[PDB]
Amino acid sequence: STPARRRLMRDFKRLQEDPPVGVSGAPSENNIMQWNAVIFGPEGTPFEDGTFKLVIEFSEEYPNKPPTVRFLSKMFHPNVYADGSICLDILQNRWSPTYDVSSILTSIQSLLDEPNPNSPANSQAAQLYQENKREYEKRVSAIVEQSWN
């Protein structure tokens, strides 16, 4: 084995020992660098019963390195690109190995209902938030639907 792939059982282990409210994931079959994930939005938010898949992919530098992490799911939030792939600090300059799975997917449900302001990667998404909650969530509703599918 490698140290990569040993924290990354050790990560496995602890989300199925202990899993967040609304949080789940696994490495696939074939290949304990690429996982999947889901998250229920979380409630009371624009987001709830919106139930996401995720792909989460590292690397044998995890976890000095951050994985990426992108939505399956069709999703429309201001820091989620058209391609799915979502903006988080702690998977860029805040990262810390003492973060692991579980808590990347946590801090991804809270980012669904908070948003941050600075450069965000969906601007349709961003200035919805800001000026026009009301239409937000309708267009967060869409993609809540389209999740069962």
The other form holds:
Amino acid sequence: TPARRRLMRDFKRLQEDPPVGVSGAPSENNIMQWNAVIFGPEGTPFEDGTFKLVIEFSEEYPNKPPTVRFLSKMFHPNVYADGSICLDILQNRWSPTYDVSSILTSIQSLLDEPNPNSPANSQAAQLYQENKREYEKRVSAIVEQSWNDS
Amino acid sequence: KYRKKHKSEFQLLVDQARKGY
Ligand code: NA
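The form solved in complex with its partner chain, contrasted with the form solved without its partner chain above:
The next block holds the full complex; its first chain is the one shown before.
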């Protein structure tokens, strides 16, 4: 199928041009479900976090974006309670030129650049705007938790 | 549940993501 042919190319690109601070691979023997890891970027409240995600593709990929969820506990204005991510390029701004590598690096960039007008987590959105001191403390807890996560 | 069952797989991914950090 076209989706499976595309996903083998996504995987090869990750090996040839490895992105810094992120990684992804198929789970077990299923090409349509991937595991992924994103490191919290240095110089941010998320620094040193080792966050685990799952990516689910459909047979309509790359014409349809995959669904991406954090499995690790998260505290971020654009991340829902169930780990789902409000990021424009994973919804209405999706393009077939994006792949696993670019999706992961886009999510990585979102961690230190939250969108205030999309409050998926209303408390994280409020603290980020009002009390940035308390925002970093709440993010610190989930950084620690991401280390003994499996 | 999921993270625990795929412990080995996630640790390989953590090691790959750590490089150059
Ligand atoms: Na392409």
